[PDB]
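Enquirer: What follows is the residue order along each chain.
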Amino acid sequence: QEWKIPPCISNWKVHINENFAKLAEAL
Amino acid sequence: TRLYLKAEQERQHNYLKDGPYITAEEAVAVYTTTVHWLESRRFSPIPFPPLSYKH
Amino acid sequence: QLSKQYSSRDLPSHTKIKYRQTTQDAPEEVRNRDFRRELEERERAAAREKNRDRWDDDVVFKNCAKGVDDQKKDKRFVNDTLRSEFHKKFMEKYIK
Amino acid sequence: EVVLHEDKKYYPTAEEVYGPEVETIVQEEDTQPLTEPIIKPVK
Amino acid sequence: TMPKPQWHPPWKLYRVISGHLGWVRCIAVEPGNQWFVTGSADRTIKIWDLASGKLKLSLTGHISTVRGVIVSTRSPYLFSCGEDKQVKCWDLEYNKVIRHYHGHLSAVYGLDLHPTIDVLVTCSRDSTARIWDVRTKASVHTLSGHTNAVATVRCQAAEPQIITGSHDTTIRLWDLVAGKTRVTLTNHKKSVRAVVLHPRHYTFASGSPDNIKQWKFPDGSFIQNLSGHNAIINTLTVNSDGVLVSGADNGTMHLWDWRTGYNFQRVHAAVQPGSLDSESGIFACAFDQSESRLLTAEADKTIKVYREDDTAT
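Chains as they are written, first to last, in the working numbering: chain A, 1 to 27; chain B, 1 to 55; chain C, 1 to 96; chain D, 1 to 43; chain E, 1 to 313.
Simulated from the structure, these hints should not be mistaken for laboratory data. Keep in mind that a hint or two might mislead.
To be verified - SDA-like cross-link-like pairs, simulated, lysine to any residue; straight-line CA separation at most 20 angstroms:
id : chain 1 : residue 1 : chain 2 : residue 2
1  : C       : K72       : D       : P12
2  : B       : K17       : A       : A24
3  : D       : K8        : C       : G67
4  : E       : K189      : E       : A149
5  : A       : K22       : B       : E25
6  : C       : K72       : C       : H87
7  : C       : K18       : E       : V97
8  : C       : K75       : D       : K40
9  : D       : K9        : C       : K18
10 : D       : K40       : E       : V97
11 : E       : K4        : E       : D257
12 : E       : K137      : E       : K189
13 : C       : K16       : E       : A312
14 : E       : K4        : E       : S208
15 : C       : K66       : D       : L4
16 : E       : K216      : E       : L197
17 : C       : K16       : D       : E23
18 : C       : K16       : D       : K40
19 : E       : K216      : E       : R259
20 : C       : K4        : E       : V140
21 : C       : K72       : C       : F86
22 : E       : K54       : C       : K4
23 : C       : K50       : C       : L39
24 : E       : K180      : E       : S144
25 : C       : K62       : B       : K17
26 : A       : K22       : B       : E26
27 : E       : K216      : E       : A231
28 : C       : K75       : D       : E6
29 : C       : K18       : E       : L113
30 : D       : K8        : C       : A65
31 : E       : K180      : E       : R154
32 : C       : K88       : B       : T1
33 : E       : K189      : E       : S208
34 : E       : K137      : C       : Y19
35 : E       : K96       : E       : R74
36 : C       : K93       : B       : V28
37 : E       : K189      : A       : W3
38 : B       : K6        : C       : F86
39 : E       : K96       : C       : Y19
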């Protein structure tokens, strides 16, 4: 079962920092 | 082209992850300085173009 | 069944075999040598060599360039093609 | 604290990963520029 | 075991040399411990000072990945072979190629020199191996036989002069003058990638992903089976001290007592500063002439030098 291989069917063939808050509120 | 766009996507992603590099107090220094300049220069702001504008 | 066809490449060239000579490093010398001693002493010598070798009253900003001593980014070798410092330099140079 | 993308380390120092006992040296370029012979002839 | 047999000192990593841009696939050492050479995907052959580890000389001329490198003992030559198809003879007197041996149909994986006769033996993906007359650049013999790519070939003076193995998992022993097989061993289940001949005993060893077998000479009676470390193993190499080293694609390296299969040490080595964890494992490795240094060629584009630890016990 382990060596079942997903078929390679072809398609051819995010986080953010909180420093932005401190900056923006500062300005 | 492909390399450049790769390192580009890198730099954008690192600018979001690592946050703004300008820090804060620096940015305030810039904004303030510019304010003083435009102050002593009597610069009036540029308004929005009106509907009736002869030019 | 061998063809009478030929080719330019095939023709004689370097028909003589350069045997190693005695000062080049014939096998005779090699058999006799104590490599380990030689290797150690050379190493030691190398090490020794290395050792021998070594107003404006108004501004926004106080000095940014305080402790900024380059950093060993060009001493690091990186086995990753897009994050090698060579690649960065290349990318920097040729795109605008 | 903040690091500009100008620097921003990825990967530890070369030396650190291997440990102190081994010597890690990066040879680039070379020496004994080519007109030199490896194996020098007899005279 | 015989009696908790042959105590050998551990090895430590001594030095790491960067400076290839591709995978280093091959290391050879010069007859006088002066300089050791490396073949790479970079397409260069580099020669390095054994002692200092500084780079002496970069050669260019292969079109594709250099896979195999030999420094002749009795003549001032390199031989190299590549994925290109081309086997070249460099005259180290001028650092240029003087001859080229033409005729394999695909990549040449491997090559070796007869120690006394002056004939060169090469392995290729095209399932043959060739015996080349160095002097005339001539296919003395073509060794048909295996059904897949021949991987590693070794050459010896005595009986079965040519020892070879392939990805079809079977070893053939080739009788040089006939260019025919004397012995077929079929005891590996997966591809044989490496073989090595023991300096004094008149025995030989072969490595596969599954395990490592020693053999009697001639005719390859079975002798032992070293089991332990399971990876696709690319390198087997042996000191006169009976130290057998196994490299592997997963980075691992193990040291063995030739006699007993006692695996005294396991070395798993850090990948290079950049790199990726997956680009680990040693393509090949060798021993200076003094048996005091072990050199490895790694996919992280480095050369590592190991030194036997002096405090040890």
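Enquirer: If any of the earlier hints don't hold here, list their numbers in rising order.
Expert: 8, 9, 12, 13, 14, 17, 22, 25, 27, 36
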